[PDB]
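Each chain, written out:
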Amino acid sequence: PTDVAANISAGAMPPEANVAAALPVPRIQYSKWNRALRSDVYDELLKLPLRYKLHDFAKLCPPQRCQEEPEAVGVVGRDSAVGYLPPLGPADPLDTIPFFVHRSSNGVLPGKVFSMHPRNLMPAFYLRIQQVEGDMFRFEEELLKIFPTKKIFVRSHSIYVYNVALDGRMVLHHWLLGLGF
Amino acid sequence: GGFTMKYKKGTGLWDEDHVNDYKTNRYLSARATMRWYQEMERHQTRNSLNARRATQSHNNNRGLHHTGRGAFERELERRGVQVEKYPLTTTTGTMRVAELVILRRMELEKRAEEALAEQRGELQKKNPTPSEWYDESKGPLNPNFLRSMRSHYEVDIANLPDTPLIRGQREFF
Amino acid sequence: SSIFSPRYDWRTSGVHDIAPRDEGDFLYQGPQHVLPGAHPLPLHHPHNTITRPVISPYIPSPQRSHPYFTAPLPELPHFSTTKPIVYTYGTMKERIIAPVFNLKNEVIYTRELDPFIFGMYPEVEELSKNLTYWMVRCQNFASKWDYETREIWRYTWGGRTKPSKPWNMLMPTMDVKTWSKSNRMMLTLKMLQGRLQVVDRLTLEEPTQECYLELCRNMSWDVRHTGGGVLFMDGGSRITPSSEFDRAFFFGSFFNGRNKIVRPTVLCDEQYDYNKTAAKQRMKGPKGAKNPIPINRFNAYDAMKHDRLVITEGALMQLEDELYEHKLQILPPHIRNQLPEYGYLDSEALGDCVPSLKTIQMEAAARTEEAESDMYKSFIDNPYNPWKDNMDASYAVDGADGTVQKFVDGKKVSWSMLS
Amino acid sequence: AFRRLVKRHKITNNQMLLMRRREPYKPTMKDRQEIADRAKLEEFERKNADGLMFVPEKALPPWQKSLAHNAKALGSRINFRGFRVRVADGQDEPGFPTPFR
Amino acid sequence: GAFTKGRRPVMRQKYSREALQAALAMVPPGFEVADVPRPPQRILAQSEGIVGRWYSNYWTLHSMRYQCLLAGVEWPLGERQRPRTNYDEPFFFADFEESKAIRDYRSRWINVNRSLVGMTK
Amino acid sequence: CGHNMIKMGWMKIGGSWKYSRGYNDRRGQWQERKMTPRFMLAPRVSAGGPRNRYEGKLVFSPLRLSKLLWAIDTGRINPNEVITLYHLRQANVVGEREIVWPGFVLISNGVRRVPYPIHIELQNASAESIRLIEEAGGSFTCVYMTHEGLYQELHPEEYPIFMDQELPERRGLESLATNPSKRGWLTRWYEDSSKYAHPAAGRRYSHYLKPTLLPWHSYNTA
Amino acid sequence: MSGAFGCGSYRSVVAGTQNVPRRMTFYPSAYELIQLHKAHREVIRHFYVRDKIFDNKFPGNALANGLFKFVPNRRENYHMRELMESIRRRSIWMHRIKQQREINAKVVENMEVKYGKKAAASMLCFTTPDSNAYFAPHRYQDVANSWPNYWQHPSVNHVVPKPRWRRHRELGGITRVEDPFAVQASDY
Amino acid sequence: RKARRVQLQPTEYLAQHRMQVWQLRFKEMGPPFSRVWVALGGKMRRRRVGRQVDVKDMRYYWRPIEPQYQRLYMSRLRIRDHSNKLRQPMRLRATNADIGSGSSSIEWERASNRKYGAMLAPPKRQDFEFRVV
RNA sequence: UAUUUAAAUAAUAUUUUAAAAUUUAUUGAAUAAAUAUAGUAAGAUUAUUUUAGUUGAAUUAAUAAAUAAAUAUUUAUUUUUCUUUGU
Ligand SMILES: NC(=O)c1ccc[n+]([C@@H]2O[C@H](COP(=O)([O-])OP(=O)(O)OC[C@H]3O[C@@H](n4cnc5c(N)ncnc54)[C@H](O)[C@@H]3O)[C@@H](O)[C@H]2O)c1
Ligand SMILES: [Mg+2]
Ligand SMILES: [Mg+2]
Ligand SMILES: [Mg+2]
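Residue numbers (full-length UniProt numbering), protein chains in the order written: chain A, 38 to 218; chain B, 9 to 181; chain C, 18 to 171, 195 to 459; chain D, 2 to 102; chain E, 62 to 182; chain F, 108 to 134, 140 to 323, 354 to 364; chain G, 1 to 188; chain H, 49 to 181.
To be clear, the hints were calculated from the coordinates, so they are not data collected in a lab. Incorrect hints may appear among the rest.
Covered by chain B, according to a simulated footprint, are these stretches of chain C (three or more residues, beta-carbon under 8 angstroms) [to be verified]:
(1) 91-101
(2) 300-314
(3) 328-337
(4) 376-387
Yeah, the Cβ is synthetic: ideal placement off N, Cα and C, and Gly gets one too.
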């Protein structure tokens, strides 16, 4: 959290950082078709206290090795540009996760960000997860531990988290992948 | 008139498919159900026979045969040459197919019944006592189902004690 | 009146007679007295086992996930599911085996069900969607006609400005996805309540009604109006399944009581609307789907109104065959990429496996196709081998004509389109 | 008197009958209007305390980003430094030296 | 769309291979497809099937040309248009209607090549 | 159950209808007091207007290369066969609603490296997508089709025998069909100069490069 | 124009794109098999619809039993429009799947000749823990809780309050519970 | 007895409210939830010959319109399907998704024409023997 | 030209009585049609016991200037401080 513009004005940084003060750092954006994992937010999730152990980012990221292979085959884990990988499963085998999160038909995660009263083009957004199976309340409590200040409702079909954007949907997807779903 | 999906009308497996029916009711008695089936079959037959009568009358007024084949096609039929490029299966053929399928199904039913009765005799002579399903550890049994299953065993089943008899705590008979 | 209203309790006397009856009234003995109908949970329908008999291996208990069996009985022949079993997002995740019955009220063998069909745990939202659609579709839309001021000729007699009209009324459109989901959830609710019965055949010795009544009496089927109703799903049998109903039973099932026979399907046709913008003025009928669902389909309303649900093994086979591709498409990719590995997608069209069991009508149609396939040999539009000369062709881009043409051995094969 | 149906609040204390205005501690209409005006002016002065920082072509409003990009995409094909396209629309000149400048 | 011949079939009779050869037998010698012109837009596009003088009907003629192509029957008549690829006899032709000079293969071949070499974008 | 009365909120039925204006509204002048029409203040940039979709504007539908790679890694599309609009529509990677002439544009959004060669046929692919596919080793071929050609590609079963398909228009030819940068499908035919000498020699042939389906079989296991 | 069979279309042929030696990758063709199953079902259904026969069970409409439910002209149009196209689509799917099966066999042979029998068997396997979950949940009860009714999962089965039930005969074979109720709160 | 009976009322045009005046003057820009209607700046006025001799002042720049006018125009688009708040307002210019959905409905699954932008694509090459009486 | 993240594809309707004579015809000023339309004069518009914001402001026709204000519906920012504060 450094104000590059304020630092340049005060003289603490070189004046060539105006592009950094104006435009954010270019990074491949996380999308429903391009799982661009963010190591910083994944490290933040690893540092946050949670009951369930998450896999390492080395295993979450698809392998990047030499591509001298003449013909490709159907390995479960192969080189992919969009970063698609099958669910790895739990981190510690001697545990029981109270909930189960199914993927969609295209392998995308359940996180979908909607808007409240979208006819008026309202900027207020909310997130809906309608693929969680098992104990929905344990998932809701984990979402409470993730987003402390947000309003989280639960029903038989969907879990709603209010006032969270794609910036929160990506964190939810990161936590789901780290858990192994 | 206007546009209406005549290509969709008549495509469903049954007659009640693809028909705009907005005059029914949420509860239908026996006579109501009979009249509903009657009206559907009658609507289908009316459409079909009216179309056939119209096209046959138009053909006969134009001077062609009631089928629509002209003098050239009639002369070809006289010669014996096949007139249709793709001869479709006819009513007699379709009915024969249905008949032979029904007959094969009946024969398979007879053979399956024989084999199933043999296996029933084997399993009944093997197991005289109820297996682990006759347990009360989780829930109470159903007297109707017990009376139905009575015939498969030698010992009476419907005789149920007031206590939730479990396999391990007490021996059964 | 309303609960929080002053008019709610101004009838402070006279509602009851001080003297009690001498035949039905009695005094409360104490805590050891069993009152008729007393129950701690609010049960608007206090029906019990004796009044509404349930037919299942066990009485539905909180310990048991489902009242039916969990493992095949070693003293009864076990019949696996026609199509392989897959557990989807909503399946019960547990094996379900139903004790198929015979026309003599005797258990014949035990057949495994499908969790995708009879394991999709029910949900009130989908059940209510189904019920609301059915109750809003079944109403008569031709009787909603009303007068108007321009239709009244000489206020009391002058009609309203915007009256109800058969065309102005709405008939909603429901998608096959939600329809199948609600039907499956209703089937699972019936299974959980333990009122589902699987019979081999539904056939009467005579097409009359007294034989139907004798059958119902012999197998303890309550058909009276006051008693619990019956909902049949006739499909033939296990060996000879049929999409149509048995003729004898379909003629005999016309009884004044509460018994309804429905088609052996849970899906529906995709409802179309060709008058969405009110183009055709002379159209009579409600706006919306012009292809509604017929009455003889399975539905939440009739399933709730009829106590017992008697499905036939032919109906089971047809439902499984109709839901196979759907429960295969729903699967995520890292799961569906393994179906040919485990042998789930062995299609008999390629010759991998012998053709599987089909219904009478579908088998007849398939044999008709097999016999008619001989005529598509000496023609270039053969459907079984379309465009059989591409790799041996030569495409030429004639610029003077501005067209790309397909020549073979120096002769034009492409056909110029006529206008 | 813009709203002609006054709200009736629940009377918890008898002095709520004698009071006329709902929020007495709140400043009146014109006073709070000029107060908000002065606050917005102070915030704008705090924002413009430092010099007007210039932004690259990507961090521009949509009605200027695409124009500024297409005005130089022709020269962007040939990678050579010292190529400027003096476009009409853009950030105006502040008129004084700026640390960001 | 239903009046004119646009994307719509006009002959609903599909004959066998032997029936097409019998239909082509009644064709008189000395006939050519180029003789029958395309009817105007103000004429209904209907076909009476294989009847007397069927080759005179424009839609029936070419529809019979399409079915024999599928069945593999050698079309005895010529083609609708004969392209002039090489300069041969007759080296000059007479036309009082300015249609033969425009519909020539060589006349439009140089025009397309004019537009191809004219592109300079 | 209530009336949404403007400037008054939600009122019960039978309440005060005195100060009501929503009725007259359902049945600004202070901004138009100075005779300042917004539709007449600003001038028109052109007679057709900005972003006027005229015939030939070539407004493509976006197709993300990241989406395509995701589909291929998922298994909807088989990378062995050549990718075409028909294969896309059948694999249901793109719904039928997004299809409109001209077919699609291959946009390379959020992709920096393609690990495997992809052989795809689309229209007006971006330069970055083309160069990424070339680097990976796949071969892209810009297939700019006419309307009837696109319909035949999407529904080939309606056409038992190949038919004479008209060449694209002049703008399409000069933009995509004969553009070497976009890897058009007529660039080689346009570069061939022998067709300009003699009309009989103008016809250029092309052949396929080289390295029944009856569902009923016999019970050979016995 | 053969863009359905998977090879390059006539446009690519004219362009001269060298895409024949492209690659040989293993592919399960599960989606293609699903679509082939759908197309086969649709072909059978189209044939059954085309071969419909009037079967009237009522005497009023009894004068149609021998006729087809279609007018022969519309029957021919249906056969030429939909029944004949479903077979072409089925053939397209079959051809694509057969080409992919040939390529799969070639890839299997290549892996067997390069790495080995068990190596290829492990490289061409897609089994995952979630696959074991989807195919057999009894081998997955320990790993995670995936039941719609989580309160009845054996991991959380302790929460279900199993009551002391007994079947009384004086009531007519009625199952009741023995434990007493709880005194509910009434007022403040 | 019998009088003038009322029939079904035809609906209005689906794109009746969007005006060519707006489509010519303004254009929509920005992300979906922050769309702005922008028109080119400057003062349009006809004056006599010899005025505004210098062209460097006349600039071609786009400036957004007043938010109240933007809200009014957007509401004019929002008039259609008002009861469904889950449906985003229409667009100033029709898009590819709109042109596709115009025929992607199941009631148009049989019509070969009107599909895949038939009205948008240029016409086919007419026949050479084409003529009209 | 395309190196930036989403989405529950659904349209149909929108007070009432009236504020005016021209219309289209017929029979020797009446007769029968017109929910035709009035920048729209005026009124009537069916349902208690309720649960949170302002009570006289805003007002710049027209080139590169941070912003109109009230009323009402939804909806969002828990940072310091001696207490308070509807942004
Ligand atoms: N716009 C179009 O012209 C269009 C559109 C879709 C499909 N097609 C297909 O193009 C082909 C030729 O079209 P056209 O306009 O040149 O002629 P056409 O379709 O107008 O006439 C073709 C003639 O051959 C018959 N025919 C069609 N398919 C046949 C088959 N499979 N076997 C035997 N006879 C058959 C027709 O009934 C008619 O007699 C046909 O297969 C047609 O269905 C054309
Ligand atoms: Mg307009
Ligand atoms: Mg506004
Ligand atoms: Mg406010």
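Each hint tested on the structure:
Given a C-beta distance limit of less than 8 angstroms, the hint that chain B covers the stretch 91-101 of chain C holds, as 4 residues qualify and 3 suffice. Counting residues of the stretch 300-314 of chain C whose C-beta sits closer than 8 angstroms to any C-beta of chain B gives 5, which meets the bar of three, so the coverage hint holds. Taking a C-beta to C-beta cut-off of 8 angstroms, the stretch 328-337 of chain C contributes 6 residues in contact with chain B, enough for the three needed, and the coverage statement holds. Remark: the stretch 376-387 of chain C is not confirmed as covered by chain B, as 0 of its residues place a Cβ nearer than 8 angstroms to a Cβ of that chain, below the required three.
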